[PDB]
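**Student:** The lines below spell out each chain.
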Amino acid sequence: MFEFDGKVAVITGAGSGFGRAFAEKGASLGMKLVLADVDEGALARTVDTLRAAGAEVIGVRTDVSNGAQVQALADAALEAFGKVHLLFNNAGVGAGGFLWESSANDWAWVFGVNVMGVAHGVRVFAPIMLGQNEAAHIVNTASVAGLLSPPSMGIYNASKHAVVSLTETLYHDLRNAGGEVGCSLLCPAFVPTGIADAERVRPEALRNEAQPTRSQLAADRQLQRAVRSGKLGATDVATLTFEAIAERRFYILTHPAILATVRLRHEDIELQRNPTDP
Amino acid sequence: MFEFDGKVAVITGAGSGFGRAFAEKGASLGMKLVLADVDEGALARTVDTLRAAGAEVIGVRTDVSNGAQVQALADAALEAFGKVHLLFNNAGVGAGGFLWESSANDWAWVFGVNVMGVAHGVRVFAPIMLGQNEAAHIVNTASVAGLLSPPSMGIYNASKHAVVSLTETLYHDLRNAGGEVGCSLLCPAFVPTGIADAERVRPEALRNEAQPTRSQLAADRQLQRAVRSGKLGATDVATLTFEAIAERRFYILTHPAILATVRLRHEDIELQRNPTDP
Amino acid sequence: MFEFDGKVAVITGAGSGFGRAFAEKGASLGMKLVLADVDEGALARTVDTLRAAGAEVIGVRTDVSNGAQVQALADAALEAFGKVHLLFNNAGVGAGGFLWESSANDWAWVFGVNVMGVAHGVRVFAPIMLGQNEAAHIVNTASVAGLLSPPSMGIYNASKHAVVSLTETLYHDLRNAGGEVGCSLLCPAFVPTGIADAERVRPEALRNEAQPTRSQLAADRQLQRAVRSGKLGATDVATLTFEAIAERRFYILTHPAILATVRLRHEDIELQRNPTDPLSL
Amino acid sequence: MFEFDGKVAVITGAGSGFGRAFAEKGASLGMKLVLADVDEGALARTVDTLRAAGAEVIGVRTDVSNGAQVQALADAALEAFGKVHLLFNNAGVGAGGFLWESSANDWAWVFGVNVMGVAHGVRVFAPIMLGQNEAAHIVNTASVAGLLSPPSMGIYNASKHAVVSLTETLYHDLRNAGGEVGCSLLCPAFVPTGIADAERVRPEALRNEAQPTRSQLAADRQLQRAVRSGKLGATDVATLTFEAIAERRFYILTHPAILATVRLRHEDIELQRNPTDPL
Amino acid sequence: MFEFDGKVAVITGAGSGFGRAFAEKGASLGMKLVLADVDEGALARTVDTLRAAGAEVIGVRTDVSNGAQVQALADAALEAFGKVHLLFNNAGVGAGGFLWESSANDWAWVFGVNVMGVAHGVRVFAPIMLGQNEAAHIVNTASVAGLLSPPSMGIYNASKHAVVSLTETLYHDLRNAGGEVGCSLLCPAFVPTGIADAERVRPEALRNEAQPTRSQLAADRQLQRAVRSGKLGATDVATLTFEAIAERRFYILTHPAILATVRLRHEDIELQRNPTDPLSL
Amino acid sequence: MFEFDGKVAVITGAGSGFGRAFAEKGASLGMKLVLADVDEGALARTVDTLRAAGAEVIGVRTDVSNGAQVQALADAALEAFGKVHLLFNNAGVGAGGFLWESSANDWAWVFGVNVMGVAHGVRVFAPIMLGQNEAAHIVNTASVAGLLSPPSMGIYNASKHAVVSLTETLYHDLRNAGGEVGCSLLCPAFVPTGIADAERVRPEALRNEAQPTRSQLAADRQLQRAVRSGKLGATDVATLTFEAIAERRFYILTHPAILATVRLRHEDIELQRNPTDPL
Ligand SMILES: NC(=O)c1ccc[n+]([C@@H]2O[C@H](COP(=O)([O-])OP(=O)(O)OC[C@H]3O[C@@H](n4cnc5c(N)ncnc54)[C@H](O)[C@@H]3O)[C@@H](O)[C@H]2O)c1
Ligand SMILES: NC(=O)c1ccc[n+]([C@@H]2O[C@H](COP(=O)([O-])OP(=O)(O)OC[C@H]3O[C@@H](n4cnc5c(N)ncnc54)[C@H](O)[C@@H]3O)[C@@H](O)[C@H]2O)c1
Ligand SMILES: NC(=O)c1ccc[n+]([C@@H]2O[C@H](COP(=O)([O-])OP(=O)(O)OC[C@H]3O[C@@H](n4cnc5c(N)ncnc54)[C@H](O)[C@@H]3O)[C@@H](O)[C@H]2O)c1
Ligand SMILES: NC(=O)c1ccc[n+]([C@@H]2O[C@H](COP(=O)([O-])OP(=O)(O)OC[C@H]3O[C@@H](n4cnc5c(N)ncnc54)[C@H](O)[C@@H]3O)[C@@H](O)[C@H]2O)c1
Ligand SMILES: NC(=O)c1ccc[n+]([C@@H]2O[C@H](COP(=O)([O-])OP(=O)(O)OC[C@H]3O[C@@H](n4cnc5c(N)ncnc54)[C@H](O)[C@@H]3O)[C@@H](O)[C@H]2O)c1
Ligand SMILES: NC(=O)c1ccc[n+]([C@@H]2O[C@H](COP(=O)([O-])OP(=O)(O)OC[C@H]3O[C@@H](n4cnc5c(N)ncnc54)[C@H](O)[C@@H]3O)[C@@H](O)[C@H]2O)c1
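Protein chains in written order, with our numbering: chain A, 1 to 278; chain B, 1001 to 1278; chain C, 2001 to 2281; chain D, 3001 to 3279; chain E, 4001 to 4281; chain F, 5001 to 5279.
Among the hints, a few may not be true.
[What the hints assert, rightly or not] Computed list of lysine-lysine pairs in DSS-like fashion (alpha-carbon distance at most 27 Å, straight line):
id, chain 1, residue 1, chain 2, residue 2
1, C, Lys2083, C, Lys2231
2, C, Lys2025, B, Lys1231
3, E, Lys4025, A, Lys231
4, C, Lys2083, C, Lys2025
5, E, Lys4083, E, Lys4025
6, C, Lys2083, B, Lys1231
7, E, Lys4025, E, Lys4231
8, E, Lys4231, A, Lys231
[What the hints assert, rightly or not] A short list of chain C residues far from chain D (calculated; beta carbon distances all over 12 Å):
id, residue
9, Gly2054
10, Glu2079
11, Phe2081
12, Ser2165
13, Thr2167
14, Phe2190
[What the hints assert, rightly or not] Residues of chain C placed beyond 10 Å of chain B at every Cβ, according to the derived structure:
id, residue
15, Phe2002
16, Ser2016
17, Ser2028
18, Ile2058
19, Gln2071
20, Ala2108
21, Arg2175
22, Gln2222
23, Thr2239
24, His2255
Simulated from the structure, these hints should not be mistaken for lab results. Ideal placement from N, C-alpha and C gives every residue a C-beta, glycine not left out.
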């Protein structure tokens, strides 16, 4: 099994939600923590909270869409603790509405965080991990939206399908390369976190000047209800994720009840049948 | 059935491969053609060839990764022919190698063309089509790599999974919106085209200064053999695609033999089983 | 076999369709190209692209219905390359509709290009080829419309039957005169080209003041549909034509499926039978 | 049964050969005659003889290659007799020799008469006939040279193949348009007429300045010999032609012996076999 | 019930762990906060974040083992808010290892914070609270180690049994003196805090020149593991503690699962039985 | 069976009360005696009387709150008799009154003797005993006040609960380390000794300048009354203690009647019930 005690975990999106939960779980297993977030206030508060729980932790404000900042995060992790054993490419954002009503900025924002942030983390940290000649593991947070295509969330859906596939490919590439570095793919259903309020960290350069359309308002309200009503919490997702890492299990479906809907989409494809609305 | 005679088709990646084949097929059905490509020479030659076959056609040099140029393409199409009835968001590029060995530029290049080009086309042309109150259809070229995750092609794979999902979502959004605009998703296996030589149109700003790694060289050689040995040609893909448009069929699998491998990946997911190499 | 590499081909109608495909095929075999067309824009693009791919090519704007301009085309050919070995009398136009509804200008236009253009080509270039004491060959583009008489195409049909018989006669005349110059007759069915848009190169002096009739409109639209949906392309016509030249075969029927209805017309004649009605389209 | 008594026939080339014989046969059937030829002296000899024998006949000098004059021929026909029921687009000329040795003027001359003269007649008279709502018929004189490609006659051959196909198409077009206007295609072999001396009516603007070549002289000598030695006369051709019109028969082959040579040509095409010389 | 909104809480050890959680809970109830700690950096961050979320709070660096500084903390409390209603004598440290291997400095350090800090708190603030004629309450943090005697923790155990009994006695003394001041005794099991890292705030004068022994290393690592893996958090301890204060309940056992082994120790004593060996960890 | 003849006992608080009685009992068992007290006059009276009766005994004035002096006590013990087999960390003091009314010096005094004196003894002597590879035993004098929390005695109570738990932990630690060193915990109720007059040995540095409060005077009067009226004597406590050492019994409750009150306190804790006043 994968051992955690005294190892180093780097966690993006650590100021909230799953990322904060991963930090708490990692601390309880004896991990040293490198926490990264673009939300300065959330990051600072999470660092202080983890320290008050006895964790050894540093924080590095990081916009994961920026390759130079992700490199800087790795450099900070090595300077502090010498090694990186666990990477959670977890930061994410969303936007909704009829697909054609979204702006170019919306596409750039969501793909910059949800895909390029994951890409940067893999590109920067996998060589470091491969060079250490020790067990290490990379966990990428997708979503059940990486296995399904629900209406009015097409940009988010597409970004999460990209994370699914790049992480599947990563699994094969790491094996073909050899070594003790593995990876997993986390695909949760809705959990009460801050994800429905992702607009709070949209960068100024990507703001929309147009007011939200009717379908965008509807999608935003829908996501809030879905998020607020999830029956598993972020703490449960952290527990299940670390169990999967210990077993080096690739697919982490925290809400396996979704599998009926996933099977439906897969059946559409195998039957070359126009997409079913369930 | 969808009628083509006298209608207007806008085709990206028209200078080669599937795009040139779509232009020839469209011309044989009586369509007016708006051809777009970033490769100036290929675009000009394709325009001349189609004209020598009696087609009514214009060409617009277009980098589909650039939203302003995709808008300009729509403006040129309307100025020439007044309407757009068929859109082929078809331009694409690729890169390969162990996932972490690829550069940030590689990610930006492939996602800029394969995802943002599709996104721009949907964003710009779907409102035009919805406003015409006539039948229209949008075809997005993914790949079987949008349904599978083969090793050493992770960036390409991820971009094509994104196209799959955004197009599935588009299908639902168009229905929820109402109207006569539909869409389809084209997922071919390997076909002898120019796709293995996509580096010919990598923009200067995204060039790699480092020489290719061992795995990148291997992946490039593998793709060339796969592409050169495909048993269906681009003309066959065009024929099958237009048949699907006529029936408004969403999933266009030109090589349905792939479905055994697709089922294998779907089984991995449904069973939460680590990815199988077939 | 007939040698192409290093030889000189003169092609009329080279801006589009078959002529352009002949030029591409000739270039791929190493021929020097003299390309002629009245559509200066199309001709310039054809020449430019062939030259950029490495051809030795000149383009000469030529109205093949004009005897002096055909003579000027031969002069430009000889001035650029010294010889002419292959001549494609290929430019052509068309018009349709009930035969009596067409104008005198329609007859003059179609026959000026389709018959007189071929006639000038033969008259000007055959003596040049005979005087060279070298293998040479003349290919005239007729049509399956030179072997059949489909309705509402009578002016075009008549011009193509004229090309058929003049070329058949040339075959015998060249053998009677003796020497190494031969000829072939190309008779394709519908192929995607610009031929249904021939009005774009009708000269202003032969324009029709009158509005087109119902039967003329119907013939135009039927021809547009038939041409654009042809299953063989201009490239295929060029490939088959050069194969025939190589073996000096006279009849080039690129679409042999036409033979059932050619046989029907022949048996009408042989039985003195009133022409069998064509099937519905 | 197409009926002739009291109907109006327009005949081109009426001063000689087939045209004169059509006129004499039409007169014997009680037709009113409108006779056209570019040769005014020969046209007058035909008209005056028929008028002396009691026919209703007018003569109109006409160059059938000139559309304006063909229109005036129709105008005179309608002015005199009110209707046109039978049209013989019959005037014709020829030239011979190795194909490439002929001049541009040779092409323009032979096609002007043999094709454009027929085209003008169809263009001018077919709408008249269609508008009359009566039985009418157009006869175009081709030749067996419209069915075969004999050597050294390429311009003539090509002109006659054009007549063959335009008349076949006219047959289909008339049926598509509907009505009682029909047509026939006359394809005779050599008959002793004046056709071998067609140069007598070559217009000045199309004169050749060069002397004839060996092959042109050879082709002229062959034609003179072949025309002189036909066993059927112009009267016989007229008899057979009106016989076929009566039955509305399209192909009029006055010399059916040539069909063996026609089958050979057709077989060449059907087999894509290099043209066989029948020797 | 005990009223919190608008009342004044003084919390020692407020920079981390339970103390920080008490301050957060007090802020959420509308209490004015006087927060004390010797870890100036941790205390400043705690105060800053609470104030930014809207608390009325002051932070006062205080070494609770120093009687004068505890008196200074009361003076700062009264100067800022005029009253003290709730006192959490909560700061604490620890050391482990075989009892005889610990130094005199180890005893002085642990007892100075864990016992004397509580003693100074009671001595300084109880008279203030009694003189106010208002409801007030003192909460002393002991531990389940004040109810049990686990091996290799004897100095810490002893200090926490001292807190237990002094607080039990204070309960009776406050009732005998009369009035509205009460007290409670908080006895948690392991919770993720900084308590296993207490060496970070050992004063320089009480440092050990000697290397740590095998049994001291083992005790430190066991404590690190037990603390970090506690299933209840500091927030939960704060929630349960304030619920107990509200009902003025004396014993606060946040981890009642400890009761089986507390009963075992009690029956050892009641039966005059040699202490039952603890189970393997 | 732990054996006493010829073994060495170190006894703190040897000038009075339990400590003097331990010394007399040890002498009767043939032990060599190392006697310590901060009161030099009382220590000399004990030492000289025992020596007169034929014991091997030395006296070492010792303030057990001072680690250096406890070390010197061990040094003198080893110098005179070579070994230490029995240690009574017995010296103790007290103070009373409402908890918050006591001074900082009261806390420092009572904990200095009652807890630090015991801690110093364990720290200094346990490694000696462990290194001897012989049977040895440490006895710490707590009180029933280490098992209960009677009102107005909070400083004393807390100090004695600390002794209880440190000695229980010592019991577990000695077994974890291995060897033949053990310990016991002596928990007597009130006995007529000098404990109610402990202020006679309060060091000058910890003097109170304030006069006593009503509750402190009340607590002093109660203690004087309770101590004077115990029915067991110091000799009896010494008898019971050596009896328990012989059996290696840990809990030494010389007054088992208090266990009803102890069960009540234990029940309070087990039920999380506000402390019951036993009245
Ligand atoms: N919560 C759910 O229901 C749900 C379901 C499935 C998947 N997910 C995914 O889980 C991941 C974690 O999100 P969450 O639910 O904890 O939401 P969250 O909002 O509570 O936390 C996400 C964090 O990412 C940070 N972040 C955003 N953009 C960033 C950037 N450019 N650089 C660095 N940090 C950035 C935010 O500031 C925030 O602290 C995301 O990838 C999300 O898409 C969430
Ligand atoms: N050929 C296959 O085996 C295969 C299989 C599955 C999917 N596909 C997809 O089919 C689509 C068509 O590719 P193809 O196989 O015809 O390859 P191709 O190389 O023959 O044609 C692709 C064309 O896209 C153009 N293009 C590239 N970047 C562009 C940009 N930024 N803007 C505009 N045009 C741009 C290229 O210049 C080229 O003409 C692509 O999306 C490709 O990923 C191909
Ligand atoms: N395309 C078919 O279906 C088809 C079938 C049978 C025969 N044909 C014959 O093939 C030949 C080539 O035509 P295509 O189909 O390639 O059509 P096209 O329109 O593509 O090419 C014919 C070219 O001839 C040129 N041309 C016309 N008049 C001219 C003149 N006076 N002088 C010089 N050039 C002139 C036109 O500009 C044009 O570029 C013609 O003779 C046509 O009748 C075509
Ligand atoms: N005689 C044969 O052996 C023979 C065989 C087959 C077909 N034909 C055809 O039969 C038709 C009749 O010829 P014929 O044999 O009676 O020859 P012919 O010379 O005896 O008579 C033809 C007449 O047409 C006239 N003509 C010539 N050019 C004219 C013009 N521009 N306008 C008006 N009239 C004009 C001539 O003056 C002459 O009177 C011709 O079309 C000829 O091609 C003749
Ligand atoms: N965490 C547990 O498992 C646990 C269990 C039972 C009891 N306790 C008790 O809980 C109390 C709070 O500790 P915690 O667990 O929150 O640990 P902690 O280390 O997170 O917090 C204790 C705080 O006390 C401060 N402190 C230490 N010495 C001080 C001094 N001289 N003056 C002022 N402040 C001082 C430290 O700086 C620290 O901020 C302590 O009394 C501890 O013994 C803790
Ligand atoms: N007597 C009781 O009722 C009673 C009950 C329970 C427990 N105890 C405990 O029994 C132990 C013995 O007390 P006692 O009852 O014999 O009282 P005691 O007064 O008769 O004797 C105690 C002796 O300890 C000495 N001493 C005090 N401070 C000292 C120091 N700093 N260093 C060295 N010696 C010092 C005193 O001088 C005195 O001689 C104490 O720990 C006391 O707390 C007594």
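**Student:** Decide, hint by hint, whether the structure agrees.
**Tutor:** Checked hints:
no., hint, verdict
1, C:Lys2083 x C:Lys2231, "violated (36 Å)"
2, C:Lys2025 x B:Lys1231, "holds (26 Å)"
3, E:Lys4025 x A:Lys231, "holds (26 Å)"
4, C:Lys2083 x C:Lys2025, "holds (19 Å)"
5, E:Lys4083 x E:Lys4025, "holds (19 Å)"
6, C:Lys2083 x B:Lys1231, "violated (44 Å)"
7, E:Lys4025 x E:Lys4231, "holds (19 Å)"
8, E:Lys4231 x A:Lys231, "holds (20 Å)"
9, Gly2054, "holds (34 Å)"
10, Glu2079, "holds (21 Å)"
11, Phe2081, "holds (21 Å)"
12, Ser2165, "violated (4 Å)"
13, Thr2167, "violated (8 Å)"
14, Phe2190, "holds (17 Å)"
15, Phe2002, "holds (26 Å)"
16, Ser2016, "violated (5 Å)"
17, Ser2028, "holds (15 Å)"
18, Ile2058, "holds (18 Å)"
19, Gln2071, "holds (27 Å)"
20, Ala2108, "holds (24 Å)"
21, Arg2175, "holds (35 Å)"
22, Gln2222, "holds (13 Å)"
23, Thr2239, "holds (16 Å)"
24, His2255, "holds (16 Å)"
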